[PDB]
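J.: The lines below spell out each chain.
Protein chains: 4
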Amino acid sequence: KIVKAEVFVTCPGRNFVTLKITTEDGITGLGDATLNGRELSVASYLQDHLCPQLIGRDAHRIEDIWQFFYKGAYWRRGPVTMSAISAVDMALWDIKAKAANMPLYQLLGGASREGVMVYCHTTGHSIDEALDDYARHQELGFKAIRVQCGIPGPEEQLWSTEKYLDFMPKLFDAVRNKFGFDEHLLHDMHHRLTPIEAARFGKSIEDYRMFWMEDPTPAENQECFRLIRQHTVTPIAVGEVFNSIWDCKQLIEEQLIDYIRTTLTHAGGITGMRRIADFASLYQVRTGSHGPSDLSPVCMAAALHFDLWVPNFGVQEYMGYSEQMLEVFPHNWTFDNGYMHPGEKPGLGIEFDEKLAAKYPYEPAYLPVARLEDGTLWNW
Amino acid sequence: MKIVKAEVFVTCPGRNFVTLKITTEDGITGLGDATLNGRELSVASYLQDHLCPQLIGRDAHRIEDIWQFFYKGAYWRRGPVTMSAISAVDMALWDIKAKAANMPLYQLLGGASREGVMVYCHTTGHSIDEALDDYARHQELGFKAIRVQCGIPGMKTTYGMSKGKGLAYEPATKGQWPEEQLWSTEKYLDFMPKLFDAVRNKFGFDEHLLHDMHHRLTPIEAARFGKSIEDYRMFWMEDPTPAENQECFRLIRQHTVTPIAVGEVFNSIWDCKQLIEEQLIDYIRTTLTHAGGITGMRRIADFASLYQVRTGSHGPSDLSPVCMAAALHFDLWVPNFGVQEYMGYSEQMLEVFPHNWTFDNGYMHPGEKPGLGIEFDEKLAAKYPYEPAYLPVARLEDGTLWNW
Amino acid sequence: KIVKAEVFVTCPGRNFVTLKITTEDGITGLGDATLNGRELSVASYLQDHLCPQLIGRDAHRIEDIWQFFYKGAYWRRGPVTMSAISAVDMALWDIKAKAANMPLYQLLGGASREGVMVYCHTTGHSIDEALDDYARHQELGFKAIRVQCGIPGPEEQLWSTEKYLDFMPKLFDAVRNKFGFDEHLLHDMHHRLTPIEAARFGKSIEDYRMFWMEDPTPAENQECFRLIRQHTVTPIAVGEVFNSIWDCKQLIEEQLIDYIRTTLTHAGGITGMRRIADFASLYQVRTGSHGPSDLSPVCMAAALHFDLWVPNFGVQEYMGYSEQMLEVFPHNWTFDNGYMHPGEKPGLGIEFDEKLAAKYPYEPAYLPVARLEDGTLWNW
Amino acid sequence: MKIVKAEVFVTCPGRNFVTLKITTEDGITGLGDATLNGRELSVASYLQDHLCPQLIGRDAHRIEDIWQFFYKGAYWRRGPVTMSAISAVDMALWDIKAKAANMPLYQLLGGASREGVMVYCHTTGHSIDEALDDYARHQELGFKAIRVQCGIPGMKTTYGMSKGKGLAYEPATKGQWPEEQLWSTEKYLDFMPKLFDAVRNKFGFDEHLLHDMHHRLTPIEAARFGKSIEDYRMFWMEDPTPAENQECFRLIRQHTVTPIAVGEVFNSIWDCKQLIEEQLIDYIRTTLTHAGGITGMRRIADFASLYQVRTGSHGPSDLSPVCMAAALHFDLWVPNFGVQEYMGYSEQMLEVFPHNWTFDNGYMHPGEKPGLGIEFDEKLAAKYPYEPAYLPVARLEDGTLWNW
Ligand SMILES: [Mg+2]
Ligand SMILES: [Mg+2]
Ligand SMILES: [Mg+2]
Ligand SMILES: [Mg+2]
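Chains as they are written, first to last, in full-length UniProt numbering: chain A, 13 to 165, 189 to 415; chain B, 12 to 415; chain C, 13 to 165, 189 to 415; chain D, 12 to 415.
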């Protein structure tokens, strides 16, 4: 029996929305509802609408509560809706695993791997800046590195597809010339391109053999990935902004992508993302979960548990966190030579320092938007 | 027209309404509806906490860039909550634009395609006889198109506080937890065609006859049901089966010539693209408040038209009179218009939203007032603070959580 | 209430057919019905058949009049039919915007951009002629330039596909060697090729990264673009000669093109071309409206209004006009550093000098035809 | 044979006809029909102002190059007006070519596939009884195939100057504005199958039974209607739904085995390629005057044949006796021939076009005269100047502008 369903919002120094479920017998569960830029919309969805409906209820019935909130909302999917349902899910699996006196990955089918490969972020204003950044991050032991750097030439940013097409292969060329192959080489395209520009981009970087190119073109219309897929063999990843298998069912069934980047916080929690992962396996599509700063350590934990089990695991993103971010969330995960592992403690193995949290009130922050030279509002 | 104020109001007289009011430097005012039954405060937040402070520097004239700015600029893209917010803005912006133009909004959309807008009512009963009387009542009111339902024998609620035989009008029930209904598809399949039989027998054809299936059946069940009602020439059979998987409408279309409507719960063209392009439906029921306002909904309708799909906008109590006035401008213009749903508003609800549409012999027509032709009495709105109220859920005999 | 629906035909020095609608209260609207080479066919369609039917009628009912002329004609589509209906449409939106005391782009949803990128025409007898032409047009400030030049070796012209395949990539090579990338590089193929020749053409110019190749093969059968699309990543544009969404629905739905070149005068006016534009947006196809001399300034105006609004705007063609052409049409559009903007006056912001117009009677002029060495009549 | 003259004539006895006459250096004459009901002068222009001066140097022998020269050389390619012009040329050119050959035109096409050409008539009534008498009248005239219609009870025009019960023969009404008709699909669906029932009941089978749906229904409506008339074994059900989107015929074909005809309004193989290749129709109703003359129409028919689609050429008052004489040569040859429509011509109309086809017991046969076997009396044509006349439009109860 759930006795309390509480929502917390904190900023050290970025916003996190956290759900805490308490049962009658003292077991306590944590869940991430963080939705970058629309945080208070989810907080209200939970505090005002889902949490009171979680009170009479048996914690054991994870599936039923999921279905109850999924279908019972009537207006069915969506980023806010799912960020909430996933928070409820995450906290209930936290509770169940504690109840099993097990780490979460154990309830899922146990470890399919000894370690979880993560990738880091590297960036510059110039190529030279980028290569020194890659070299220090290689030094830190990551086996997979996502590389970006500036093009020669909400916050509104300026975008030129054309300047990017002509210039950006030059980066991967440099990375490969300095440092060999062996490391996995990654790149985020940030939805900036047309399908046929993405095809062109893919071809032009095939020589450097990317582990993937991610978010090539906006994917509301999943048919738009067909064009890129018929023209390049550079691996494709997508799915940060997805909240549903309905967002990616076509991309996977038509073998248009190699990595699905959906996340526990945003795509349905353990319950939903289990189903998405399993579906992708049939098509030899692998998991490339988003791991930015704006998913809180609660999700990282659960995602290290998920990643430890999934047969078809690909990579985990680990953008990382502030010592200021992490200390609100006492964690027990480890890192060694480019692999992470979840705790071996019951549940998610994660805590929430409420008193510390209360030191940090919500502060408004929005993601940038992109505009052409034109001023036409583009995909950031 | 620099936007100078962007305010959200939550009022409950006596069901919840979320209303956005945008005010311009020169003092033009526009209203937008952002009501999302059962999750209202999330949108209120989505508007109040993130979006309305972003609307403050902006030129109200630039409706498209604003729509795209919020649509894409929210990096997380679709969905009921997000789209409820965006639509409210867009609706308010088009209200302001027609006011600036000194024109009823329909005039800006392309002018009128028709002299008036056909609306349908609902009728119900616990028994077939009851439903026939309700039908006769609405027939004498001049309704040309009527949606009929009635109870499945054996299946009345055992819940003592159910608003029950009401509920078809106001399904969201004041309180904390959703009312739980028991569903049997099998008893529905055997019984419901008898309702349409009896209606057509007593009151022949001449009336357009509508029916809502409330998402309960699977494709092959809906297929059979459509077949079993072909003799009655339904104007439509509505929300047959869950539509997240648009391919699920295929088995239905293969097997019956009963007309198919869907789209109440949709917030985007991406929710219905496949259904339309594949000609799996005849009527698209998406709404201004939930499906992207004037801007987003003109796109859906125009796309639909290419496939000879007509509009059949959802119009329950939980869309505010602002969305209603707006829908009537859209309906009066839209070339591929089919029908408009018109659930009543109580007097209580309407005196908060002074309006100017009219009704005559089954057809509605909006203001000839500039903008939408709708107001929002903030002083009377302030009298009705938010009250929690939630949509039912359905469970099978199993206890299985099912589609409501 | 419309009181007059007048058609004018003038030649300074090229033919234009113009429609002028007057309402009871003095508001006046202008519309382009110019159809190159068949001008008097449209003039008659209007004066003899549509205009008298516009007299009793309410100017506000733009949609209804469109539908009334579209379906009521019984014989439904076609270049002449649509050139007429579009003229009626254009003039009625001119009237409506005046009635709103607004520039037209405002009624459409307002400006999505600060400027409208145009491309110019450049040509030669030789490559050197072409490059000096490009350099002077770059000097004039265009950011997009369509390049043609002669192959070494109605008016009937001679055509050799084979000489063109072997030679024409040599041009883009020269343009890129002299002047860098940055500028958008364009080319018109004039329907001259087979689908598989077009595929070959596309591949061979991929190295120069064209903004587009336009009208690769005749498109009555839209399936003929499939072959080019599976073999090249050079962007494709098409649609000058289209009058309908039915002409291009398959090309867009199957993601066979990147730019749709339909025009207000020829494809249904604001009402029709709004629908075509919107449909193309779903597939990330962008607008590349034809802007030749034989669309009159009335259309240019309205097209600058349309272009200013369309979310999915791509480019506007601006072949340009004679000082002799423009002075019949007092205009208020501007040009600055490769961008155009429509007036800020009510309506289209365009006028028609009738008295001047009457100085210039119609004169017969036809487009060339193309013939192989054979004499077989080919696609010009 | 150098073309020396190329003239357009517009005459009205008493409906409009546009006729092209081509004259050769040696003095062979050929006539072509270019009539486009309701927009006649546009084609007249398209011929007179641009095309006929282009036909002046040319060798009349080169029919194909001429066809392509105008087809492609008009940079703007298809369409009712353009194609009306091109067909008129082509028809005149093939008339000249058979004259040069001293042969009836059919002989040049491949010779006769049949001894004669089946034609269908129309019958109508305000009531079913009336229509049955009209049926009996045409049955005794020897017609083997008959198209039947009649009024939908309640829906007679309230317009005092309507030619009304006529109109099925000459729908284009002299004047300035189109006559406006009110349409109800729902009343059509409930009533019309009763007409076919009554016909088959009084006069059994033995007659081929045809019916024109006039573009009024949507795919699922047409689907239902086809189903509802299966018992009567219609020879065809015609123009079911607008066909700009050829995919719209799919829902129809999936649901009924009632035969489907379409193509009156088509000007090109591109208008019907998908419909044929997908086997969505049984009869292709394109015409010599509107669909590309002998040259373009042999292509359409041959393509159709691959799919077992037969020809069912439209033949109303608004195709001239030149197009009729031409159609009978085409029909007599074409292997996949289905039926020919034969609306009468008044005596007035025919004395302008001295002809030589014959009719015997429901079958027509063209001249055994060289060329088409048709003339054009220019002196009597000159007596009847052009009179404006326009096709109706239909509006729904709504005022909505709909498909006529
Ligand atoms: Mg990304
Ligand atoms: Mg419903
Ligand atoms: Mg071109
Ligand atoms: Mg017909």
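It should be emphasised that the hints constitute simulated quantities derived from the structure, not laboratory data.
Backbone N, C-alpha and C define an ideal beta-carbon position, used for all residues, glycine too.
You may find that some hints are simply not true.
Here are a few chain C residues that face chain A, going by a calculated C-beta distance under 8 Å [as the list claims (entries may be wrong)]:
1. 125
2. 127
3. 149
4. 150
5. 265
6. 310
J.: Each of the hints needs a verdict: does it hold here or not?
T.: Evaluation of the provided hints:
no.	hint	result
1	125	holds, 5 Å
2	127	holds, 6 Å
3	149	violated, 18 Å
4	150	violated, 16 Å
5	265	holds, 6 Å
6	310	violated, 18 Å
Violated hints for the displayed structure, listed by number in ascending order: 3, 4 and 6.
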